[PDB]
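Protein chains: 6
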Amino acid sequence: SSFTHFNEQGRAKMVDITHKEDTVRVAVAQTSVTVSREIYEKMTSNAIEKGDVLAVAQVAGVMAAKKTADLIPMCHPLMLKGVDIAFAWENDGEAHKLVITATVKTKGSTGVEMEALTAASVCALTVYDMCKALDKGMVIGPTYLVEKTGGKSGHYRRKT
Amino acid sequence: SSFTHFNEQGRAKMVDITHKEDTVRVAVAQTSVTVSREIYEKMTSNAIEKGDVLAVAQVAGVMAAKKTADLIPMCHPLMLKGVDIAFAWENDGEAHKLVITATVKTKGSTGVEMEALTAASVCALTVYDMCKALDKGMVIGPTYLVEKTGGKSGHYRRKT
Amino acid sequence: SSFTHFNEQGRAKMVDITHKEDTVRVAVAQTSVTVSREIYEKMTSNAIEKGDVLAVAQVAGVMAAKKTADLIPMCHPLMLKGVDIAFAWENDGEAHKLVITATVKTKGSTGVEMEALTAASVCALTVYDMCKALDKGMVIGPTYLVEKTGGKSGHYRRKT
Amino acid sequence: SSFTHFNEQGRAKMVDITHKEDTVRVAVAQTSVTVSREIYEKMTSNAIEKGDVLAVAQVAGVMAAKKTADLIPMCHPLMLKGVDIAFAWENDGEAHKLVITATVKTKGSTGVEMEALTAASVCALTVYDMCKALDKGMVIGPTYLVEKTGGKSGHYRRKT
Amino acid sequence: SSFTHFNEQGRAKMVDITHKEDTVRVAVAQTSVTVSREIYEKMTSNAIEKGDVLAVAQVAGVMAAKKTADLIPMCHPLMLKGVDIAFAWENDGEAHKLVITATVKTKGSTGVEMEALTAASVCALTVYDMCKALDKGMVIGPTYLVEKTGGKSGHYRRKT
Amino acid sequence: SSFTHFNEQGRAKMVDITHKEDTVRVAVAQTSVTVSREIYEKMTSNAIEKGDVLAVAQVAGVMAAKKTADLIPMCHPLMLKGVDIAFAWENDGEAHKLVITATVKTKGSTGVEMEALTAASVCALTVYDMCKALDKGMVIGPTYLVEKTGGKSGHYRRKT
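Chains as they are written, first to last, in PDB author numbering: chain H, 2 to 161; chain W, 2 to 161; chain A, 2 to 161; chain D, 2 to 161; chain C, 2 to 161; chain Y, 2 to 161.
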């Protein structure tokens, strides 16, 4: 086993994928934002705050998926065919945990794990930006790959 | 207490900071990447792999700090005065944990918490991109604010 | 009277504003999207379509204000202090007309008319993108400046 | 009929077009800029002002077509195969009206209506930026789709 | 003497300029494009080719000045106050040489040498892009700083 | 022979390549940075300065290849399949000359000469940015195309 993102001189390169074949590739990444009770309360009630934080974070996440190659040095620029995000409130203890799941799809010679991970990361950062006025102690993550299909390494799926 | 990023119609807005005063503001954010033993071994030895993953991730993180306003919908575009990142290998158990700490500085009417958090997040994503060929099970985070100075809310510092 | 955006050789330049003074500047721009009855009905009822088109368009508009200098060749890159957008349904006849009003604020040596106009334009384009599946005949505009304050030319205000 | 840009949770998503087939797609959009007599005179005579406003606006429009996915939240990033813009002075009354027509072409599973509309919009905004020193009362639009070919909805063509 | 763009760990950082004072800074950079006789002939006659290559290259150069921080890893994002470019045909022998001179101005705690150099470089690349259909043998450069004012290192001026 | 980047009205357009066929295309560009003895000494010894300038410049160059269409007005946005850069110190006299060679690969209907040239140019500019603290007299270039394969004009190769 060995790195693929370094060249003959030990420096970063964008791996040549010219020969590889084009297949349907999908990647699912997950992260979360743990928040204070106050933040959870204001995000789940429209009694006073009618603003939708998730709608904004969703948009940021989708747009981030498209900006992945602009942010990750060696990532290839791809023609994403689809990007969607799903939210779910959970309770990792007594604290409220917003779980974020990003799914990215494409047709090409390279996976979209980075696009999914980046979409999830920026989605979380946006939730943080929209709620930080209430509390700066919010915690993002862990962030990880849930699964990916297509490509050489076949189907990947985090064990649970 | 209340959200600041929503307008009179319950939709997202970039808060007007015209009246606020310009002061020295700093923000420190932290995250990490937990990796397999193989990834740790190849990143800490130059015997075969001479490529520097941290050098690439560092560059990505600094550039991400500058792209923060392009990624986070309601963030103000700022003239960052400084951005630096520090790395440290730790052992959150028997697994190797790369700790990433991003520090951002500026002079203005709004904090740089998002710039620091974004810098740290993309730095981590880049480490993941550079090592994923070896293992897709890497875990990023938790990501959180360590401290921030300047501004209304005074000095913030996560308790440890 | 004469152009300011052309140089000694008759080609485009970014006008030097080094000597000018920094003052509070605001700009308000307006546009609209005329839509079919079906589009209006689905955007104003949550009975089936619960998606908020305006929330997405609002985010796009704010982000576009920040990208103004990236899109308009000779515009100066500014540290926007605030950006907000307001919506209102009107009836320019028997057809439904969504009126969009973008307000941009800053502190500097140049106005933000372009930022407001661009914010409004992209906000409208986003409404169009979100509803085009229903009808491609939507009409955007007219788009124009409502008013601007600060600067040499003093206070401007479109007569009505 | 129903929206396609919203997901199972009522939030924005980039529609999956993985299954669709790749065909030749074209889109033509139109807009205009109504200007004062003075602006028209200086743009149509090289006696004193030799700067070419249309050359600058043309460049901005083409570049905007490529930035469409960066500006419109749910638009797919495409490999545009061609982008061209045409100008024509008209007289919508006694006032001078610069008509702008943008044509975008590509080969893929999704239309380029947004790319054409965005190209036209930014082209107009650039004309406004280059002439605003003379008058801020310029009016942009209406902006609309003239026609599009390829895709499910077959050939579209605005009736005149 | 020592590098300023590396941190305590030997990796890239954006130097903190928080303490420095804000002064008027200017930078002038120069480059050129050596072309074949055919390219020179078509660029200097409107008999058949009426397209203005310099107008396009000028726009690209100005826009590149603004994108400098997006391209150069450790450059600070600045509020440029002015950007202009000048062209001149010369004869570095019997071959035609288009000389490009970019001038950038700002008010801040850091010079704009990179903005001027980048503006000149992209301006040249654009001339190349517009004429490559005629010949791929065009040569760009040398590219260098002509002079800079303001800052610690005082006034710099290349000896001739 | 004639320009391809101008339309029927003598203004810039992105040439339609819809009909052309997709083939493997490669482009190799070269440039250099001539530096003072002091700069060469600090870049080739780790005795004190352990920072790797080439690692940073390499990353900037690869990322610039992907940003080519954002910088060069009429360039088509492509799905680059590979980007690599190679360095070599030479002595164009008694002065030290860092030679930079960028290779870009893709599969499509248009060459990647601009991507290679842009990658090389920004790589050089980054070396300059990282070393300018030591000397502002560094000279970049000449920059030129070494060779390109695929496409109509067949195989191109600069004579030496």
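No lab work stands behind these hints: they were computed from the structure.
Take these hints with a grain of salt, some might be off.
[To be verified] For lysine to any residue, the following SDA-like pairs were computed, each having C-alpha atoms within a straight-line distance of at most 20 Å:
(1) A:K21 with A:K153
(2) A:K51 with H:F88
(3) H:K137 with W:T102
(4) H:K21 with Y:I18
(5) D:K51 with D:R38
(6) H:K68 with H:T102
(7) C:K51 with C:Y41
(8) C:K108 with C:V16
(9) A:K98 with D:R38
(10) W:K68 with A:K98
(11) W:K137 with H:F88
(12) H:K68 with H:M80
**Request:** Any hints from earlier that this structure breaks? Give me their numbers in increasing order, please.
**Result:** 4, 9, 10, 11
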